[PDB]
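Below you will find one chain, with nothing else, as structure tokens; this is the form deposited in one PDB entry, and questions on how it binds or moves follow later.
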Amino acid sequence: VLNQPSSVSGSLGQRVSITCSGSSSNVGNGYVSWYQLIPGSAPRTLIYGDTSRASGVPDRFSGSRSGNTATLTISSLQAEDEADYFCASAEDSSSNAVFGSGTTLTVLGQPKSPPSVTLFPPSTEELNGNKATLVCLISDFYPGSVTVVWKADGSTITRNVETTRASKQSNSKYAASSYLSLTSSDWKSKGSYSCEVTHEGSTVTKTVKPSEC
């Protein structure tokens, strides 16, 4: 495994460099390649042969190599550059490739965005099976860090809550979802249920009324 920093960060419109440290028999052999992994998309080749840009890659991506250490430099950082970056190299054979540990790139300086929250009640089809799932969908927020609290009649629910980690959507912002798994009886019992989403100190709460659906 080629040694990369676990994560790096640069500001918008600025530049950042990702290093790739190896030995004399991989990086030192003199033919490093770089790949970009955006979740929900196939990997993308950026650089090959230390310095050559792959087809369709702009010149703000550039590679270099000094001895057993290679570097990927990304100038003019844009929001869509946030991704994982992997270096690679052959070793002892052109069919024995070794990938680096991978580097996650964060682009700082982007505009804050509050989450839009939609709370969905259980469907009739699910209630017929004596189950009831409330779905809280959170989207269009940056930075990608939210905390979700569920309430029943105003008091905090501490059981049967599952929440996804925030992930990228098409517009480079983050989305998340949270699930409250109840039985038919619980859903009919309480007077209301609420999804409370805190993002950067501020909170958005949506409430659902079992009686009025």
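Residue numbers count along the first chain shown, from 1. Compared with the form deposited in another entry:
Hinge annotation between the two forms, restricted to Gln110, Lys168, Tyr48, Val149, points to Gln110 (rigid-part boundary).
Hinge angle between the two forms, smaller rigid part versus larger, from C-alpha superposition: 33 degrees.
Could you output the structure for the form deposited in another entry, given that the previous block was the form deposited in one PDB entry?
Shown next is a single chain and nothing more.
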């Protein structure tokens, strides 16, 4: 395995470097590649042949090599660059390959971003099965933490609620979901339900009324 730093960090709009150390028989042989891994996406080839950029790769990604150490340098960091970076090289034949241990790149100094919240009522089709799921979708928030409160006719609901942890989107912001699982009768018995999402001291409220859905 090629030696990479487990973790590396840089600030927004600045420059960072990730190294990749091997031996004469891999990195020293002089044809190192670099790959980018974002959650929810397949690996992306960034660099090949030490220095060449693959199709669609911005100029601010650059590679180089000195003896048995290769370097991926990213200038003008953006939030979307937060990701896992891997190097690779052939080993003793063009058919035998070695990957690096990987480096997680964190981008510091990202601005605060409030959550976009959508509340969906149960569909008619689900109601026909005597089930009613209210779906609260929460996206595009940074940093990655929200708190969710459900309400109905002025009273807070806790039972039959399920809320996911925050997960990182492809654009570096975060997303999360909350589900209120009721029976059709429960759903019809109230005048309104609300999803209330708090993030960094700010609150967003969305509401549905069975008499309007």
